[PDB]
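Novice: Listed below, chain by chain, are the residues.
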Amino acid sequence: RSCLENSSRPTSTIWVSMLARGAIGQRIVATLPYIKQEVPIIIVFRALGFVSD
Amino acid sequence: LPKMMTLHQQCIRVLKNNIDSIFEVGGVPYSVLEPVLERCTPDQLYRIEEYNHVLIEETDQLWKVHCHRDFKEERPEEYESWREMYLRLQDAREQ
Amino acid sequence: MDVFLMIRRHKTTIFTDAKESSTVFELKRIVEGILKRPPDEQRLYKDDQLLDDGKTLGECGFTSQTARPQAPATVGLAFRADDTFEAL
Amino acid sequence: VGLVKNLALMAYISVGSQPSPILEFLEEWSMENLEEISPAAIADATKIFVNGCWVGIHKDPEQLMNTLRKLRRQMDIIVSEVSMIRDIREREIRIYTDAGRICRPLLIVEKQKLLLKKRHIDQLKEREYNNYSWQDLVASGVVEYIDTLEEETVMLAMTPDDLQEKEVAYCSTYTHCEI
Amino acid sequence: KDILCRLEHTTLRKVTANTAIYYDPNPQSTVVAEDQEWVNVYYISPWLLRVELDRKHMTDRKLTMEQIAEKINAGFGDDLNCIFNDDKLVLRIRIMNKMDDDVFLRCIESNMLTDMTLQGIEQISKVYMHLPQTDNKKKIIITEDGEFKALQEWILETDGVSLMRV
Amino acid sequence: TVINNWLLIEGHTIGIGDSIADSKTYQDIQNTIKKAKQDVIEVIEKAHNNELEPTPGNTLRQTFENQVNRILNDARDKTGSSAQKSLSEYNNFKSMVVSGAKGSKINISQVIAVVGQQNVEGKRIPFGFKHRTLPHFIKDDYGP
Amino acid sequence: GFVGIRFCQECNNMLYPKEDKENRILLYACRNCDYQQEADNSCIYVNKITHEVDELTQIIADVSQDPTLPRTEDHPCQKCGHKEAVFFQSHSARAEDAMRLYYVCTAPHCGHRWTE
Amino acid sequence: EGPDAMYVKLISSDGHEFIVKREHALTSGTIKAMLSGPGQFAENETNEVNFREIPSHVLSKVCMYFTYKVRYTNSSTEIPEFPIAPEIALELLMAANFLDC
Ligand SMILES: [Zn+2]
Ligand SMILES: [Zn+2]
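Protein chains in written order, with full-length UniProt numbering: chain A, 348 to 369, 377 to 407; chain B, 545 to 639; chain C, 1 to 88; chain D, 646 to 824; chain E, 1155 to 1197, 1207 to 1250, 1254 to 1263, 1278 to 1346; chain F, 674 to 817; chain G, 10 to 125; chain H, 12 to 112.
Among the clues, some could well be false.
Said to hold, decoys possible - Which residues of chain G face chain A? A partial, calculated answer using Cβ under 8 Å:
{"id": "1", "residue": "21"}
{"id": "2", "residue": "22"}
{"id": "3", "residue": "23"}
I should point out that these hints are in silico values taken from the structure, not numbers from a laboratory.
Using N, Cα and C, we set each Cβ at its ideal position, and we do this for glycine too.
Work out the full structure: start from the sequences and follow the hints.
Specialist: As C-alpha cells, then:
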C-alpha cells in the first residue's frame, strides 16, 4: 500500500502475486492501480526500461 | 555448574566474569592472562593497558581480534601495530 | 562427613580431616602425632560457641556447615593450658 | 470485542518526522545508493529501507546499527521516535519515521546492567528543583522508545532481577528492561 | 495396514524422490552413466525422463517398480516406453513418435506427478488406523452363553469420502 | 423457605482462607510443577537432538505438542488432585462444589494450585513475534 | 544436480534448450536473436521433491549477532574451537517435520555453522 | 613436617606458614617435581617447602583448595565451584603460576 511521504495523498496499492499450481508452471503477475487486468511482471519490468532478461 | 575446574580455570572464570575489577595486574605475564583478555572489549583493554603499561607490547595481536571485529574492511599499513591503528581509526570515526 | 577447621596459632596453622563426631582431644592426638605436641601444648580455644568439655565433635560450636570445603571456620590457639596464652 | 482497543499507560503513538536527516547521514556514512551499484553487490550486503523506501545497501550493518542507536540515544540527527529494525537473518535494515507507530519507553541494558543509575533517580527525586525531567532521562541515553517492529528484535528483561542473575540467567544478551 | 494401503490414495508424487530431464539420443551410451548396465541389458526420442524413487515410501506403501511400470503402460497405452531397474530406484521414460518433445515430456511429467494413481481411491487423502478402546465404535457380539461382548477390532478413518468404492 | 431460614443459623461464606492450602500441599504442588517442567525440558532435548520418534498419523511437531500437552495436563491434574485432597470439610469452595451449587474442581485447582496452560485456537500460545511468544523470551523457546 | 539459467551474449536474454540432429547433440539457443551455443550439461530440468534435507547453506553467520537467539557454551565450534555458539531451529516451511537444532559459532571471523 | 609423610609444611616468605595433608596436596603439579625431585624416598619427608612472595591468606586459599580439589575429584561429587574473592584472584593467579594447576 504505497503512499508518498511528506504529502497527504491516497495510498496506491500494487499486488505482485503468483498463480496457483492448478498450467505448465506458476507465474508471477502484477495488479497495478488503474489497470483492469493483471499484467505479467516481466512486461512491467520491460515497460520500466529493461528489455533484457 | 556441573563442571570441575582446576585453579587456572577457577581464577580465570571468576576474572572472566569481573574483568572490570582489574585495576593493576601486579606482575602477571600475559601468557597466564591470555584467556581473560580475549573475552574482553576494547575500552577495557585501553583501561588495562593505561594502568599496566608493561603489557602493551604483548597485547597487540589481541587487538587484531578487535580490529577485524570493528574495522573488518581494513588492514594495517607498515609501521602500524594493531593498538595504534585501532585508536587512530576509532578516534577518526568518532571525529 | 568432613570437618574443616584451620587450627590457627598465630603464624602456624594445622590442617585436619575428620568426621562429624570425634572426641575433641583426638584432635590434640593427631596434632601430637606429627607436631610432637603434649596435651598441655594443645589448649584448643572455644568456637564462636563455647568449647566441648564433653569431648566430642558433635557438640557445641560445630554444625554441619562448619565442615565446609568452600571456606572453613577458624579460631586462635594457645599452646599452654594454664600458664600463658601466647599470641604471635 | 477485540475490535475496539485502548492504549496502555506508557504507550505513545509516533507523530511523524522527515526522513531527510537520516537519509543524508546514511549517504555519507558509507551507504552506497541503489543508482550507483551493480546488482552483484546486493547479494552479500544489507538492504537499507527508510520509511519503506529501499535507498541503498551497506557492507557493515552491525556498526551501522550501533551508530544509529548511539545517535538516537543522545537525541542527535535521529529523533527519539524513529524506529530502526535490523532483520539480521534477511539482511535488511528498516528505518521508520512515519506517524502512527505505537511505541513505549524501555530502559536500556548494556552488558547485563541498567544504564539507569542512582544518580538519575536522585536527580529525578527533585524534579522541580534540578529541572531534571523525563526528557533529560531520554537525552541521557537511559530510556528509549521501542515500537512493535523494533520490539521483535529486542531482548527484554522483565525486571532487573533478570539482569542480576547467576550462571544460568536464561539469557546473557538482554538489550532492554521493562520499567 | 494392507487395507489402509489399498484405500489411501498414492500418486507418483508420494513415492518419487526426484525427476530429471536429460538429452540422451544414444541409450547405448547413457549420459547419466549410472544406468548404463541395465539399459544396455534392455538394448526412440532423444529426450529422457529419469525418475528416482525414495526407498522408504516405496517400501511402506508395499509398491514394486513393476506395478508402477504397468501403471504407466495402462495409463498411456504404449504412447511412450518406460524401462526400469534397481538393485536407487530408477525409471527411464521416452516418447516414441511445433510443440517440441521437451515441453510434451514436461507435460507428461506433470501428469506423472499429479494425475496418476498407483494404489488406493482418489478422493481419500489420508487413512487413520486405530484400535478403539471405547464401546462406541466396537463390534458388539452375542456369545454362545448369551452375553454382549465387546470385541476390539481395528477400524479406519478417512479424510475424504468415497463411500461406494470403500 | 425452610433451608433459607436454617441458613440464618448456620451461615455460609467464602473467604481467603478457603483459598489457602497446607504447607505440605504447597510443597507437593511445587514439586509436581518442577518435575513436569523437567519432563518438558527432557522432551525438548529429545526433539532437539532428533531422538523424538513421531507417532502414527502425526508429524514431529504435533507429536512434540501432544507429548508436552500430555505432561502439562498431567501436571495440572496432579496439582489439582493434591489441592482437593488438602481441603478440609469446613472448606467453602469444597462445600459449594460438592453441593453442586457453584464452581467445579477445576476452579478449586486454579484458585489453590495451578491455573494451567493457556490455549488459543486449541494450541499453546502462538509465536506472534519472530519465533517468540513475547520479547522477554529467547527464540524457539518451547518450554512451559 | 540443479540446472541454472544460461544467458545469451548478443542480447543477454534467456537461452532455451534445443537439439541438433545433424550433430545429434544438445544446444542452448537464444530465440530473440539468432545466437546458439553448445550445451555443457545434458540435464535440462530436475525435480527436487525430497532434496530439502539440507538447511545449513541458507543460514548466514550474521545471526551470531542476534541477541534474541539462545546461546550455549556446551557446543564448541569444530572449525575454530570457540566455546560459545548460538542455536536455533530451522525457519523454513520444511521445518514442520523437524525441530532439529542448527548451531552457529559466535566468534567473529569464523561464522562456522553445523548441526547437533 | 614430621618425616612420616601425611603432614607437609610449606612457607611463602610470610610468618603464617601452612602444613597440609600430602595426600590432599597430591593434585599439585610441582609436588611431582620439587618434592619428587631428582630422587624420591626421603626427599619428600623433609617438608621444608620454602616458596617466596605469596601473602598468607592467598596460599591459605590455595592449599584449602588443594584439600577441596583432592576430595572433590574422583569422589561422588563433581559439581561444586571455588569462591575466591575478586581482587586476591590476581595474586592467587600468580599461585596459578607456581603449582602447575
Ligand atoms: Zn540473444
Ligand atoms: Zn568457530
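Novice: Does each hint hold? Answer for all of them.
Specialist: Do the hints match the structure? See the list:
1. 21: holds (4 Å)
2. 22: Since the shortest Cβ distance to chain A is 5 Å, the answer is holds.
3. 23: holds (5 Å)
Consistency with the previously given hints is maintained throughout, with no hint failing.
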